[PDB]
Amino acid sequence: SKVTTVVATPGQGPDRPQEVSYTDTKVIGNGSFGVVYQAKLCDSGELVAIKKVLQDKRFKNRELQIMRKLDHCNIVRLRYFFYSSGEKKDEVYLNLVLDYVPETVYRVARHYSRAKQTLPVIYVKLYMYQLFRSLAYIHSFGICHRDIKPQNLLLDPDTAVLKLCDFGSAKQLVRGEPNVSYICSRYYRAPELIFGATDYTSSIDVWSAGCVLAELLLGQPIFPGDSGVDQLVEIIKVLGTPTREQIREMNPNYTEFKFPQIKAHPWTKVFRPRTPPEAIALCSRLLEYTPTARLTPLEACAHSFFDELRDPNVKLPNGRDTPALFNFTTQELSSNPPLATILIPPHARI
């Protein structure tokens, strides 16, 4: 195909643009944001994703500012960004050139569902552990992703590396500064949001992660609501009716749903009989009504459900070694540095 040459600015480091050539553009996604393409870097031959968004010339793109400060093995990397012009007065596009990753958790999970099989729990551990690490990192800056779902969990199936993508809903949450409640993808939406809360925290992402974990264990979404309000009905069918205290802790803006009383369905009867007890226990501490009762991402990483990953003999099913799971920086551990003793086993220590 015809080569495109641009002058692009590196994601990290000082603003020093470089000539970049790419080719073989292919549309691979769209949304309210604009369009995402696959492309191939001419010089190195590496595939990349290019996220193209209409951007107002006189304002700053929030996703860009967030992407320029993130540097983590479980977060898709911003290689470069550049501006391109459309065929209209002041029609400017921001182009984000990101790492290409060949699969998603959604796609992998679906393969197992269609074959009427469960994803082996080793992959559930690996994928969930890496999601929680990515969340521990972004939360340490005060950034809440606000769109955790299987479709935004990229994976390389050969190395089992997971990378979080799509920071178009991400935001630095500030105590006392309101936020919109109609956020996140419905099935993964925290109950406080359904109650119209505008004063919420990063614990909304932990709820969404819990929904991902349950989905990988069940073979299908645990809370498949057909509307914003029916989402709460689905949650209630498992968790039971929230108490008045639990409702208060969710900081709701309305609660006039007039829900009939429903008993909680026991967590052990939700999943198949052979589900590991530690998976169930972890899940019960993520999917909690009271936001502050939920595990932090770092505490989730230290859960006994991930003990297999801390074993020195662990290997991937393809024979290869596990990716780097314990190379925690001081930033990643800042919420609770004493957890390093559990998070970093003897053989991984330096």
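Positions refer to the first chain, counted from 1. Here, rigid core means the biggest group of C-alpha atoms that superpose within 1.5 Å across both forms. First, how it differs from the form deposited in another entry.
- Aligning the rigid core between the two forms and inspecting 221, 252, 276, 168, the C-alpha positions shift by 2 Å or more at one residue, which is 252.
- With the core held fixed, the Cα of residue 35 is displaced between the two forms by 2 Å or more.
- Relative to the superposed core, residue 261 undergoes a C-alpha shift smaller than 2 Å between the two forms.
- With the core held fixed, residue 307 shows a CA shift below 2 Å between the two forms.
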The other form holds:
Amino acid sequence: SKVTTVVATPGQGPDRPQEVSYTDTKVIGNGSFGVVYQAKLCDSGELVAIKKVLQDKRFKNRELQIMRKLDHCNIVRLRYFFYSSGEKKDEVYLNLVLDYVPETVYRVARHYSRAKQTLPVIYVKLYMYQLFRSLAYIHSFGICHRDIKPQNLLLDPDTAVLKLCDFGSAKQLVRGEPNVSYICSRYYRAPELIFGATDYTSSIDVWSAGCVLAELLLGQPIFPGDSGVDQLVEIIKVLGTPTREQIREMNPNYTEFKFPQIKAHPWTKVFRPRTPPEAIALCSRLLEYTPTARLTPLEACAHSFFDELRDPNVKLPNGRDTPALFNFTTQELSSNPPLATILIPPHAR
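Could you please show the structure of the form deposited in another entry, as a counterpart to the form deposited in one PDB entry just displayed?
There are no partners or other molecules in what follows, just the one chain.
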């Protein structure tokens, strides 16, 4: 079988190039700048995914810069990077060699939805909690992902380990420096992005996380639509018409537009009757118009919906140990350093 070698730099650690050999390459998806490959590292047998992005001559690649700085059990790990030619003539491509994870939250959710079954609530708790940890960690550096959606939540279904991936839109937000509004994918965009705001904060990720939670509870996206106006109608049907004060907090250029006049649908009627009330209560504090009224990621981790995860005897339904849930660092806890009394339960200290 064909072995390929390349000179590549480790994603973490010494800025020191190494010979890297890999084999068994195969196409597993497509990217903006070429197909995505699986490969097997010859030295360890470990599976990686290799994706290509365009190298700009003018400035360092932001995704690589961010991914060299991150080290967290719920974020996909950058193993190596190297440059190559690619699909388009004359271009130089950055190749990111990431630890391979075989499934996503989206695949598991569609598997249950197609079967007209609800994802067991223990998995909803595990997946959302790990998502909020990954957000707490990146937000503690000032980094907003800007493209949270179920397809970017890699999943090992047997261990329930979740890893956030795709940092191609991620940015360190700086108050007073504008940001493009056109990030974040259909169905998951916060209303301030639908309105074209350039002055938003990392709370756009919490809105998107709320959309993922609601989708796991409902079995379908909560705010679908192919245009912003169709998405907004679905938002208003649930949250009710935003007030002028709320619109000023999202994008004050929009305060005087004539929005559909709709009373909020009660949150208890949004979801099916047997939906756990704490899940509805959490969703109601994530899907809020006023961006500063949304929970922060660490506050969401400490929400009572996640209390079952903090029980000394909780197990996966397949009998396994839960994955790592309490290895918080100072960095990850820093937005509220005295928090933890909830987050690290007694048996984890």
